[PDB]
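Presented below, as structure tokens, is a lone chain in the form deposited in one PDB entry.
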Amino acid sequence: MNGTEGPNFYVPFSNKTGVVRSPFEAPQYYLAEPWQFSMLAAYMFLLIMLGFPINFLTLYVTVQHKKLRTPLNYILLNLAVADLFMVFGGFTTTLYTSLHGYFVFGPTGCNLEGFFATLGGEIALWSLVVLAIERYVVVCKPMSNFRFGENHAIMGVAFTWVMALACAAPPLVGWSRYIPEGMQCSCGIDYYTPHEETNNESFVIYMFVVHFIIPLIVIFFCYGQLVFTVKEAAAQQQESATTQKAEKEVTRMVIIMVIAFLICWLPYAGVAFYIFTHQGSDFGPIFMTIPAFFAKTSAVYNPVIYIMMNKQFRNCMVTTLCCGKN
């Protein structure tokens, strides 16, 4: 036996020595040394110092620059707001609880910190899916006589909120649950216990298919069609040097967006697929915290790829940061 069960938790450490305590009451210094909790707190501090100003500046430059308030940029602001939910709804809480050694807010705070951390991560995920759909509709033009206006961009933002609520709310009403994970300092979806009272198996499968396989197919198709349209348009217009330059730049960005999406969610998909399959094994709390390293850091490198690498946002950010004149 490799774990210790409880009414609302699961500590990945056998209680054969009698040292295991509830992650809501006592520190968990038997599954990880205190310095490992300080390093957990140190990395959370890194994500806050780098994630907040980069995502807040994105919302700030949009207020000061009229040319940034276009409908195609609505989903990029939704990405920045989603990353802010990951910072204050999860990163700040994990920094606080890690310094105590356990989740000090109890089961109620576990559902709150779990709902907001899952919501912010899923809004950002579906924002990258809607962004790929919008860019596929605008560039490839598969719809005869279609203009992407403001009403379509609002539906694209509302679609991300519905898909995220259809993913973070079921654990609050009986489909799966939120429990502390890894070092028992942050709460998330349960995929390490086969908890039959909440049907954790049907939820992990529904999550793997609807909220990972479907987004992965849509992104590959939309961006695949976009690279095909751009490459064939440049092939019929090789006398234009800027069209040949745009074809290479667009192709390079699609590779970056696709690879960054895989680095973000594939480690979370593979490890959680192994933890749920080969269940009950001696899963180390360090082993638990390596899909979270890639997914939580997306609050930093998604604005770098989708905002700072955008020519309009980068110019407005340099202007705002350089006192208004550059």
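Numbering follows the first chain given and starts at 1. So that the term is clear: the rigid core is the largest set of C-alpha atoms that superpose within 1.5 Å between two forms. Compared with the form deposited in another entry:
- Just one of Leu72, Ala166, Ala158, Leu99 moves its Cα by 2 Å or more between the two forms on a rigid core overlay, and this residue is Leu72.
- In the core-superposed comparison between the two forms, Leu226 has its Cα shifted by at least 2 Å.
- Here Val81 does not count as shifted, since its C-alpha moves by less than 2 Å between the two forms after the core is aligned.
- The two forms, fitted on the rigid core, differ between the two forms by 2 Å or more at the CA of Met308.
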Contents of the next structure:
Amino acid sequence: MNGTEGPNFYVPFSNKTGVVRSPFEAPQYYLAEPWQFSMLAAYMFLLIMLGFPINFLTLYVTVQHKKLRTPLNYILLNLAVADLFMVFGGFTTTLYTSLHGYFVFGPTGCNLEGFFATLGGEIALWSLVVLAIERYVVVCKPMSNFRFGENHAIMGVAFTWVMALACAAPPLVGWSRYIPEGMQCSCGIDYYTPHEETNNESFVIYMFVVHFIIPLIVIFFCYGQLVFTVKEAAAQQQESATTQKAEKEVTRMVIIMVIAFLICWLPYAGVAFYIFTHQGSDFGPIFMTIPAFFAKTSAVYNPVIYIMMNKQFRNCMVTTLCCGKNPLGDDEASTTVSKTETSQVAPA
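Can you give me the structure for the form deposited in another entry, which would complement the form deposited in one PDB entry we have just seen?
Keep in mind that what follows is only the chain, not its partners or any molecules around it.
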């Protein structure tokens, strides 16, 4: 056999030398150099140190500034929240695991590690669908006099969680299961064994279709619409009203957010589809380790795109960090928001 199947795991190493141990009972240093596990640990340490403050700050500024209530401001607030669950929900265990070379917390630690990475990745995938919809409704404007309200945005947010939970929770209650991957310091969906006893195969097809292919189809089809209507081409203020030039900034960001999502999950998705379609083939530990741990960056890149591609939010963050206020130079050069500085309402 090319690997060592356990009743609870599947180590990507031969046990012909009888040196393979359950990833829930002993270190896996026989799979790789011990310094490489330290690498993983240092890496997770740094991700947590980056992920916590970046997402918390994003969360804090959105709340402290009353006028930050567009659908985009909601989705990113929702993302930072999801990202914080990733950091404290799963990254804390993946760091603890990497430090010991195996899941000392047994299957529970594996469920935490896998559930939160999945939840987070999916909340983002579905958040992209919503954003793609919202972006469609404002650019191609399917209605005549319509505008999304805080109510609709909260609906979208509630939606992403329902969809994400529909993908990450089944494995905690009998449909498929979370299992250690690569160097066995991270956990994911069981693509390794057929374990009919928990219907692993049907869940995988369900995950790749309902929670990967379909959403991407929607997203790319919707984009194909904003091919003619709007475009990445943006000049100075106006074009068709300054409300058009500013509307373009948000769309440019949403498109980048998709590029990033793909760059972060296509390799993990790719190696997972392979394994699933080559169960028992001869692949080693590093195979899934690299894409799996790289995908964990999904917990901090969104807020970075937000702050770097949204003049308004960035100015609000500066105003928050510089205490009282003092946005210096630009300030925004457009409408702004906060809790007492200049959140003055400006309708009619």
